[PDB]
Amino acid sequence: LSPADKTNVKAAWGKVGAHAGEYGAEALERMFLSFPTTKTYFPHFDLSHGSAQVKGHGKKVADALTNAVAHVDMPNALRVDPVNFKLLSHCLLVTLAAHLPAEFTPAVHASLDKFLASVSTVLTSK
């Protein structure tokens, strides 16, 4: 849970800045595409492209992530099968790396993976 890591995270996200929400949704979308079967657990929600629920839940996962960044006290910061959270994170990475191909060096990437794999855990360790 390295300190170097900590520097990479703040940096990367700060670069994201004004696009957290957009990226939140985009991530969810990649999940539903790269992990089709993920949709299955959801038949009472709009999972269509541009759904408002997804746009809403993207903003949620973003804002959340931002906080979880300030307090890097995440389990002091803050049903649904766990795997969704594990996979969301994965896509979240992909999304970031695709929008910031410059900022994401094989290291910053790994440093984020770890970071998201924890936020992932503090959620489903719940």
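Just so we're on the same page, rigid core means the largest C-alpha set that superposes within 1.5 Å between forms. Positions refer to the first chain, counted from 1. Shifts are known only where both forms have a C-alpha. What changes on going to the form deposited in another entry:
For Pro101, a C-alpha deviation below 2 angstroms is recorded between these two forms after rigid-core alignment. Once the rigid core is overlaid between these two forms, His49 does not reach a Cα shift of 2 Å, moving by less than that. When two forms of a protein are overlaid on their rigid core, residues whose CA moves 2 Å or more are considered shifted, and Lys59 is not one of them between these two forms. Comparing the shared residues between these two forms on a common core, the stretches of 3 or more consecutive C-alphas each displaced by at least 2 Å are 36-44, 79-86, listed in sequence order.
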Given for the second form:
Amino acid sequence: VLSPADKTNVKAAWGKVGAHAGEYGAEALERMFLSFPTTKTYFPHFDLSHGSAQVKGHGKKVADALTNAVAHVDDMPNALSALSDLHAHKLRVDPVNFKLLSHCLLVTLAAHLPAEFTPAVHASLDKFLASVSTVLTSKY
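What would the structure be for the form deposited in another entry, given that what you showed me was the form deposited in one PDB entry?
The following holds one chain only.
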């Protein structure tokens, strides 16, 4: 459960992503695939080499989904319902993989926005990503 302070922290930090949406999304995916090779098993249909067109395109979709989550932070189950059906019902993604991607997202943000990535904001981002993760792994 996110605090009011968590919600404002996430808004200000994620808002700084802006035009860098696809870029940071693609980088987080690349970090996940290289750091945690078993996650590649969900993408056998992808070219997963550095700079791949498919990973770029997908990174943008992931990052835009999180942007949509931030915009609907108080109504995430409703806003992410189709994405929950995709991940939980169709893809059956092991919840461990959300932890790995969420970690790689935090790493990406820290590498890129060191001013934003204070300990308090790190904490709020981690809670935010865990909540998005719970939504996408549940079916309700």
